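With chain A's structure known, arrange chains B, C and D with the ligands on it following the hints.
Protein chains: 4
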Amino acid sequence: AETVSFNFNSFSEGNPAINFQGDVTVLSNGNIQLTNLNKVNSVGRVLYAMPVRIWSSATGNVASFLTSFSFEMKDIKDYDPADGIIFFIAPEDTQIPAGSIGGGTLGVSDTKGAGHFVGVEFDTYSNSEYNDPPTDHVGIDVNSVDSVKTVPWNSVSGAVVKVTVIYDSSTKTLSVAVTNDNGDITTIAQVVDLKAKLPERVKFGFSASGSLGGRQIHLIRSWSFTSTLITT
Amino acid sequence: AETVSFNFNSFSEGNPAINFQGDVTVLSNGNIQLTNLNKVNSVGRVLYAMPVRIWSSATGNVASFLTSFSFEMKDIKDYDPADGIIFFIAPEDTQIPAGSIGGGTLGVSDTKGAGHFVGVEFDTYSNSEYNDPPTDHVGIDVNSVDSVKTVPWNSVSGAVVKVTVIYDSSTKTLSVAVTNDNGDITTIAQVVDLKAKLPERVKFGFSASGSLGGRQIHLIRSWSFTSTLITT
Amino acid sequence: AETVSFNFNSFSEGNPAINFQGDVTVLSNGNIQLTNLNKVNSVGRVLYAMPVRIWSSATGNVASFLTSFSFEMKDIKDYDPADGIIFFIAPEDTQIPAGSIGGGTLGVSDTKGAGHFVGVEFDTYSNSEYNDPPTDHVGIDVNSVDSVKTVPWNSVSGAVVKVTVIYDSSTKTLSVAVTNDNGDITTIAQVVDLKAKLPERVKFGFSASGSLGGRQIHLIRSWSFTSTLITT
Amino acid sequence: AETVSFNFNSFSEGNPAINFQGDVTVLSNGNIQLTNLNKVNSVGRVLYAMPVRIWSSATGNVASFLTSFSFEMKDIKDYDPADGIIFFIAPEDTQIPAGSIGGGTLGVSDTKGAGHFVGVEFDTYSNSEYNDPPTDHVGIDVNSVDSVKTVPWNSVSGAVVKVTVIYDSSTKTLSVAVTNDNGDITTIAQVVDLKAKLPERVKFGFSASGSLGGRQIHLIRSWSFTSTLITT
Ligand SMILES: CC(=O)N[C@@H]1[C@@H](O)[C@@H](O)[C@@H](CO[C@@H]2O[C@H](CO)[C@H](O)[C@H](O)[C@H]2O)O[C@@H]1O
Ligand SMILES: OC[C@H]1O[C@@H](O)[C@H](O)[C@@H](O)[C@H]1O
Ligand SMILES: OC[C@H]1O[C@@H](O)[C@H](O)[C@@H](O)[C@H]1O
Ligand SMILES: OC[C@H]1O[C@@H](O)[C@H](O)[C@@H](O)[C@H]1O
Ligand SMILES: [Ca+2]
Ligand SMILES: [Ca+2]
Ligand SMILES: [Ca+2]
Ligand SMILES: [Ca+2]
Ligand SMILES: [Mn+2]
Ligand SMILES: [Mn+2]
Ligand SMILES: [Mn+2]
Ligand SMILES: [Mn+2]
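Protein chains in written order, with UniProt numbering: chain A, 24 to 255; chain B, 24 to 255; chain C, 24 to 255; chain D, 24 to 255.
Read the hints as simulated data drawn from the structure, not as lab findings. Incorrect hints may have been included.
The list treats identical chains as one, so a pair stands whether inside a single copy or across any two.
[To be verified] No more than 16 Å apart at the CA atoms, straight line, and that leaves these computed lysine to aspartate or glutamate pairs for EDC-like:
no., residue 1, residue 2
1, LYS185, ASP204
2, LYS100, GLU36
3, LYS226, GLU115
4, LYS218, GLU115
5, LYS185, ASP207
6, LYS172, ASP159
7, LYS62, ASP103
8, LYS172, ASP216
9, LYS135, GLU152
Bound conformation, chain A alone:
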């Protein structure tokens, strides 16, 4: 078997173990702040520097992974609390889309909402152009911000949120669990054939965006990960 595992209790701008793209910054408290509040159509992303091999061209085997992370989103005067954070998987050469308008694209898609990635978004603004639900929601995205499936959710300002994600390669199922502020959990699962949607080696990371009037604090507090690919 081939395993990739890491853990971040804190983040440091200097550490090369992570790629910083766009407006991302690292606060003195070790928190990764994805977007710049004083910028229009801001976009910031972070990827685990080491590309992870999710499937073998020799066997056809796809890896399973268990990952958990905690983030925080807080409102600011005077802007709509937008746009949200998305935990994504993409080609290792992934970079913020050219001419990104941020906002509802969440830093991973073009204006039409399309891009090459698979992710779990924590959306805090209803974009009708991307067919978003009416309330805050968590969604499974496959090459588009027009979610394959979504689930009602509530983004509480200044609340630490914990997420646990399990991908089981045999059933090709991606299961998510979000632990809210009131103590309630919110789950969402979807079958997604990663090998069919993504290349052999990829990068995992987070992205967040904003617009002219849509802005809020997007923070990544921690992140643990373990992927295992059967090589036999």
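Chains B, C and D with the ligands in isolation, oriented as in the chain A frame:
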């Protein structure tokens, strides 16, 4: 929103939140020891004392849940290292089956291997009478120790094992993530309609068993849990 | 350590984690209504169905606890707005006293006003037989509705009240902070030895009562709680 | 009645509602970071700009208050996680002690550990020169970091801690409740005559300090407060 959440970092015999059944004992370090090393066909089970409402007969809604736990199995001189541990869900009046032979039944089924429960087993002995795979394995059981599905796994003597489970009510998916000694993860997921398999009120817990020749130390070290049922 | 914690933002009938006694009811809005407006000497109580271990006879240790809740009392035609609500603690076999007259007993004591419980009352009627102050008030009750101590308070019809109670086992101090509708706080603290007044296992909850002419809407809207007993 | 009440979900150095002293900085995420990680004997404090009238020389009455806050301390390399945060009350003209050495002084006392203030410390280092318990502890201090009383407590790096404090006027009791990462709650209470120990007008606030080798992230995330003084 109806939620049940608890977190055991250790245990005590006087903790009312825990129902002890069979040969269960509590070690001075807070660990629960499920089987008696000196008894033939030993059986021990521990349960969260409070019955949990997993689905509504009024709305048809089914709860989602996130639960994590860590156990440890250790060989002893010089019995066969058997039989294993099973995280189960069963009717609130669940009790060790009458005339339990322990062993491959894992304390949750009858001689034929049937019973009323849903669970994730960590099997260390291949019982041909229950169609077990040839090696240790993690299984998803529904009313029977003859697993609906299993995955190859390896139980390391004296190794602390971490497990995270996610049940998504919408897709009825029960996904398990097992973190091994060497940091490798093993996963298994299966669609299981709890509403169709179990009554509205149930109890969650752990069970382990041995036989005359098959014995080993079965320890439950910690357990956190959160179930949420959408109501009104 | 042994901890019991929970958080209710609303309530629903059927939740096995709650014991309903008497005339209690759950409204469509998740609120718990303690008394029946058409019944003479009405009494309704709600208890967390999980017994809480407040002290150990083995170690002699006593638990500490933090709890918060919000309630609302609202007048009705043509009865006197009575009798009030009491947050209480009693033996786990606690039931509404047999042949209760409700009224000023607040559903936890006998006709003389005696009982086996400890609690914080929110009194809206002056019962001279129990030496009540002449106006509305918050009181600390130890085995009697004839409060060991009281502080002038005022129950505003329809006002949502917030309460926070801290019990420090070391000093045996029970402090209460009541946040009125107009933003003012009212506090009352009393040294109460729970190890000396209650058994090792108890149940927490609320009770409200009325009489023939004294009636009113008694609502419990939320309730969070955390008690910890050191077992080391 | 005279009541003061406020609430901060986020902080800003451009806001007049707060005084900033020393190395205190406000991160882009809204958190207040009390100590500078790059300075020796660092010290930073903040105070609610408006002095709170806690007692009257005309009537002798003393105010009761309920205040809760959340903070965060996180380790860093290669320094000892020190020294801690202290929520204090002091003369309205309080200032960082002249020639402060930070460290165990928590930024409120002199080298001897004496000063004019009442506070609740969250101590993460054992200074023998101040008779500190051998482990992390929460203490009630009255004009000295040589705590009047302490209770064992575990400071978890990167964990958000919630605190609730109630000062009962009549009993002159100050009781505190702290929420741990494991879920357990910790409390400590002590009788403190604010009238005798502090002036009529005071300021409430937080302070944290570090040394040459002792440094860590000291964050203040939110703070609500309500005090009521009877004027009659
Ligand atoms: C009545 C009878 O035929 N007896 C048989 C024994 O001969 C032998 O087959 C045992 C095997 O029990 C299993 O033992 C292992 C360990 O060595 C595990 O504990 C299995 O779960 C057991 O079933 O069964 C009867 O006693
Ligand atoms: O007001 C806020 C919003 O503004 C829109 O212009 C943008 O497309 C949305 O994604 C969101 O940022
Ligand atoms: O008029 C109202 C009141 O009536 C009394 O008879 C009763 O004892 C009081 O507790 C209160 O209900
Ligand atoms: O190692 C760290 C510590 O070092 C001491 O010298 C200092 O007095 C303490 O307050 C703390 O800073
Ligand atoms: Ca959107
Ligand atoms: Ca078996
Ligand atoms: Ca009365
Ligand atoms: Ca110290
Ligand atoms: Mn969306
Ligand atoms: Mn099996
Ligand atoms: Mn009274
Ligand atoms: Mn100290």
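For each hint, the structure was consulted:
1. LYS185 x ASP204: So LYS185 and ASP204 pass the 16 Å test inside a copy (9 Å) and across (13 Å) alike.
2. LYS100 x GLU36: Between copies only: 14 Å across chains, 27 Å inside a chain, cut-off 16 Å.
3. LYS226 x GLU115: This pair counts as within: shortest intra-copy Cα distance 5 Å, inter-copy 21 Å.
4. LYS218 x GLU115: within (14 Å within a copy, 32 Å between copies)
5. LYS185 x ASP207: within (11 Å within a copy, 18 Å between copies)
6. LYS172 x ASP159: Cα proximity of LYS172 and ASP159: one copy only (13 Å, versus 36 Å across).
7. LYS62 x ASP103: within (14 Å within a copy, 37 Å between copies)
8. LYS172 x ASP216: within (15 Å within a copy, 20 Å between copies)
9. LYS135 x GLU152: within (8 Å within a copy, 57 Å between copies)
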